[PDB]
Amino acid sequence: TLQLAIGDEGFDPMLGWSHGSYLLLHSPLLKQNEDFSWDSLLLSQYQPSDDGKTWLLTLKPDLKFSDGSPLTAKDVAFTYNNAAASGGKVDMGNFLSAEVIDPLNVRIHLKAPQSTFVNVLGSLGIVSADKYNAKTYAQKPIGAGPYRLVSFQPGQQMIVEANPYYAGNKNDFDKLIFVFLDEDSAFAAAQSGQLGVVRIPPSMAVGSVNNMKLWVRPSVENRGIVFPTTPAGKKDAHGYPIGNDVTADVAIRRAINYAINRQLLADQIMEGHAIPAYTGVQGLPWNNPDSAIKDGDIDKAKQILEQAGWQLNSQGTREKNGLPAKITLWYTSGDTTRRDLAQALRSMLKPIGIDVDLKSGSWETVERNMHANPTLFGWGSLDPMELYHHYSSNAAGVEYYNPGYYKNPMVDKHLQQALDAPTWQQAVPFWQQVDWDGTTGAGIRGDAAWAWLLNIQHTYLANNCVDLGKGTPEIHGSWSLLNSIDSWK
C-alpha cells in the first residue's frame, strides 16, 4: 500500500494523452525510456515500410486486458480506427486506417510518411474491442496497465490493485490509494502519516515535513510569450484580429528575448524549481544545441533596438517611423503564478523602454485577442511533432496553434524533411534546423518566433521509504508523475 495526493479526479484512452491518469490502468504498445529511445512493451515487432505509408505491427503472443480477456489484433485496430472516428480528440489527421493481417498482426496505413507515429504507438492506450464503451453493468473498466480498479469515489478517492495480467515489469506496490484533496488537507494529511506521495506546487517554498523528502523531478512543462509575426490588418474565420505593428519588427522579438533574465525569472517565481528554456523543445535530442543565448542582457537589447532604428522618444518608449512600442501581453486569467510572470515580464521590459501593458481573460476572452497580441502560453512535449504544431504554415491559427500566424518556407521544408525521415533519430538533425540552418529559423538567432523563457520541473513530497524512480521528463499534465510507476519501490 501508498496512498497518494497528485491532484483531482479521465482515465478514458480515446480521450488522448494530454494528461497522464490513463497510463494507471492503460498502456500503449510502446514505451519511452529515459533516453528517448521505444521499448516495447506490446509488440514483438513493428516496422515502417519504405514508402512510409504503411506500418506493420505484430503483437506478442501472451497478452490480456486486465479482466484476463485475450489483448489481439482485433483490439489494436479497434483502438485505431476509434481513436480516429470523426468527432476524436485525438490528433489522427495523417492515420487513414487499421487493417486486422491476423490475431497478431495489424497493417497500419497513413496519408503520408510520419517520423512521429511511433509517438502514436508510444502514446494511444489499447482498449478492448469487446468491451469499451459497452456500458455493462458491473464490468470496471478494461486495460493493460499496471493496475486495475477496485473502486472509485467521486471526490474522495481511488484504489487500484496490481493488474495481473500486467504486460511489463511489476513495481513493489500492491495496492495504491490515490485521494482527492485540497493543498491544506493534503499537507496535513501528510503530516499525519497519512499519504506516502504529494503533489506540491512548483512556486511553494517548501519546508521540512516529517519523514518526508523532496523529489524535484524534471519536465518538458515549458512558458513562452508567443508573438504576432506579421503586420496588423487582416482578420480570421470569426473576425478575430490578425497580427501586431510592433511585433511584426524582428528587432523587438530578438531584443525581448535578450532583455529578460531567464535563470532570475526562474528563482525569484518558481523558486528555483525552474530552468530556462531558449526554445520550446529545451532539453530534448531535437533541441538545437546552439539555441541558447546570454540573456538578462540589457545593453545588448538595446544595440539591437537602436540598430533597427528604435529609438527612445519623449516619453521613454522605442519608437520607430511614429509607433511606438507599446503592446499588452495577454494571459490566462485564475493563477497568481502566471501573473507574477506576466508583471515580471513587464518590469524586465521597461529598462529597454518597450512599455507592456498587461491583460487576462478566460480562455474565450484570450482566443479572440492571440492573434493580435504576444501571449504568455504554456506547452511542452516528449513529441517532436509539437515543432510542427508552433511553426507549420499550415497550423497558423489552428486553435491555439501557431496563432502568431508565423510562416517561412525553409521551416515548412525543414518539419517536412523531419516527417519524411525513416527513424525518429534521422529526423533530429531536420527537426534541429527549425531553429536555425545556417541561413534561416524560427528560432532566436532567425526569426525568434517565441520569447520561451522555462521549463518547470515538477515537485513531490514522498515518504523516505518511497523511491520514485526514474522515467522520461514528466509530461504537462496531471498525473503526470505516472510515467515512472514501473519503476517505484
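Rigid core (definition): largest C-alpha set, two forms, superposition within 1.5 Å. Residue numbers count along the first chain shown, from 1. What changes on going to the form solved in complex with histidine (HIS):
- The residue that stands out in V250, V100, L358, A292 is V100, the single one whose Cα moves by 2 angstroms or more between the two forms on a rigid core fit.
- A displacement of 2 angstroms or greater separates the C-alpha positions of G87 between the two forms, with the rigid core held in common.
- Relative to the superposed core, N321 undergoes a C-alpha shift smaller than 2 Å between the two forms.
- Once both forms are fitted on their rigid core, the CA atom of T423 lies less than 2 Å apart between the two forms.
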The other form holds:
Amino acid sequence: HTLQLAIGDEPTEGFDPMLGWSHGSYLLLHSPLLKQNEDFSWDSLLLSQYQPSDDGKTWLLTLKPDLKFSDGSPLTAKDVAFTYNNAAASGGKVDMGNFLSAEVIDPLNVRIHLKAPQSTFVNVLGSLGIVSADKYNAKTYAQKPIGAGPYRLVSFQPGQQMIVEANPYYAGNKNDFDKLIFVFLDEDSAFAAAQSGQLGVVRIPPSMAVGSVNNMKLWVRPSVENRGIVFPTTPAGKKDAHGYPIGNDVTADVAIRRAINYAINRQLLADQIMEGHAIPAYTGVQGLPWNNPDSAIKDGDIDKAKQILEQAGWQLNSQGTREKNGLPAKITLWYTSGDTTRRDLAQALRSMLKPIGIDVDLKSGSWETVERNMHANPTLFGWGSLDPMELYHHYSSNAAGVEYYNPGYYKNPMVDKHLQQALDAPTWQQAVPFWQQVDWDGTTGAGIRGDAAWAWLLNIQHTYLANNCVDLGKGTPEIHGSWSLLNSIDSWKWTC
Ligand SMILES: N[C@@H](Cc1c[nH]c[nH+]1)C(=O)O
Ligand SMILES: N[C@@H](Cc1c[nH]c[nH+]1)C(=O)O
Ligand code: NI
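For comparison with the form solved without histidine (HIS), produce the structure of the form solved in complex with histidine (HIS).
Everything in the complex follows now, all chains and molecules, and the chain you saw is the first one.
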C-alpha cells in the first residue's frame, strides 16, 4: 500500500547519524541499538544481549546474527564500532558523554568503554543510528543513506516531497504500507490536503481538532512535549557575549514567579486553548519517572498568588498595578511567531495574570529575534522528551546561555550537585532519585517550592487526522520535535 503523510517540518542537511540525529525523521531510515519501551526500559532491534558492568563504566553488546543494511550489505560489529567511534571523534554535536571506545571482539560482539559511569549513555545507545563501516562517506550518505530502518530512501524533492519504500532487510516487523510519500506543507495547507483527500495522514494543531472531517478520524497521541514560561532569575544590568541583555528586575523576585505559578489555571489552558488535548504540567518532566512526585501545586488560586505578592512587599499602586520599591510589576512575555497556539497561550496568560495585578506585554518574533530578548524577558518555550538530560539543559549552571538552553541563567550549586549525581549514577534507575531532587531536596530546588525558575504550563498531546482505513497503532509518548509519530511506524495497519 501507498500512504501520503504531511506530519511536520522539512528535513534539512541530510540523513546521517554522524552529523546529527536532531530532525527525528531518522526513525524512518535508521535504527539505533536500543528502542525505548513504554515502561521506559529498553528493548533492542539489533542486539540479542546488552549488559553494562556493575561499575557502569563498560557495556557489552551482542548483536543478532545475519543483520543487513537497506542495500543488502551485512550488519556486524565493525559497523557498530565504526559508528560509535566515528560519531565520538567527529565533534559535530552527537553527545557521547564519557564515551572512550568501541572494540570489536568478534563479528557479533562489541565492547564499549566509558571514562566514568554515565546514566544517560543508555540514551546514546537508543539514539545514535548505525552506519555501514565500508560504505559510509560524509558526502554521499547525507543525500542517499543506507540504514537498518523500516524504510529506505527512494526520492527526495527539496521543498516538495520525500519518497521512501519498505526495507526488505529490516530486522523488525513490517507494516501494511510498502511505500510512503511525505509532503512538506504548512499546517493549513496540510489540513486542506487532508480534507480534499489528497493525504492519508496529516498532523494538525490541537486547536483544529474540532468538528468532523469526511473520511477521516482524529488521533490523539500521548506526548511528553510541553509548553512553559522561562523566567530571568537575576537582576538586569549584565550582557552576554553577544551583547544581549540578561536579567529582569521584576522576575528576579522569586515571589513573582511563585505567584504567577499559582495564579495560572493549567486545566483552563488545556480545555480552552488545546481543546482538552493537554494535561496540566507543573514541571518539565511531567508524568515521567524522574519527575518529583510532590512537585504539583493547586493552581488557579488567585488569593494565594495575591498573598504571595503581598508577603514579599508587592502592593497595588494608584494605577492598579503591583509595585515594589517604585518598581511596577510590568513584564514583557516573548514568544515565537508562526504558531497559533503559542499566540493564544501567551494571550491567555496575559489575561490570567491581570487579576493579581501583573501587567503583561506581548511580543512575538522569529527565533532570531527571540534570541536577543529571551535572556531579559520571560519567554515561551516548548520541550519535553524521554531523556532526563532535559533537566540538565534547563537547570545546569553550565547550560546557562548555551543555545536555547537555560536562557534565564539559573544557577543553583545544590541543583548542580544533584544533576551531577544523577549523571554519575551507573544506571538510570539509580539516577532517578537524584533527578527528582532537582525540583526540591527539602532545602532548595529549581521547582515551585524552590527557586521556581519556570512557570511550566502543559504537556501537549499530538493531534492527527488519518484515513478511516488507517490504524496508527501505538508507541512511546511522542516528544518535542517533528516526525514523532514515526516512533509507532511498525504498528501501522490498513483496516479496509
Ligand atoms: N525547542 C524550543 C526552542 C527552539 C528554538 N528553535 C527551535 N526550538 C521551542 O520550540 O520553543
Ligand atoms: N528541532 C526543533 C523543533 C522545533 C520546531 N519548533 C520548535 N521546535 C527543536 O528541537 O526545538
Ligand atoms: Ni523547539
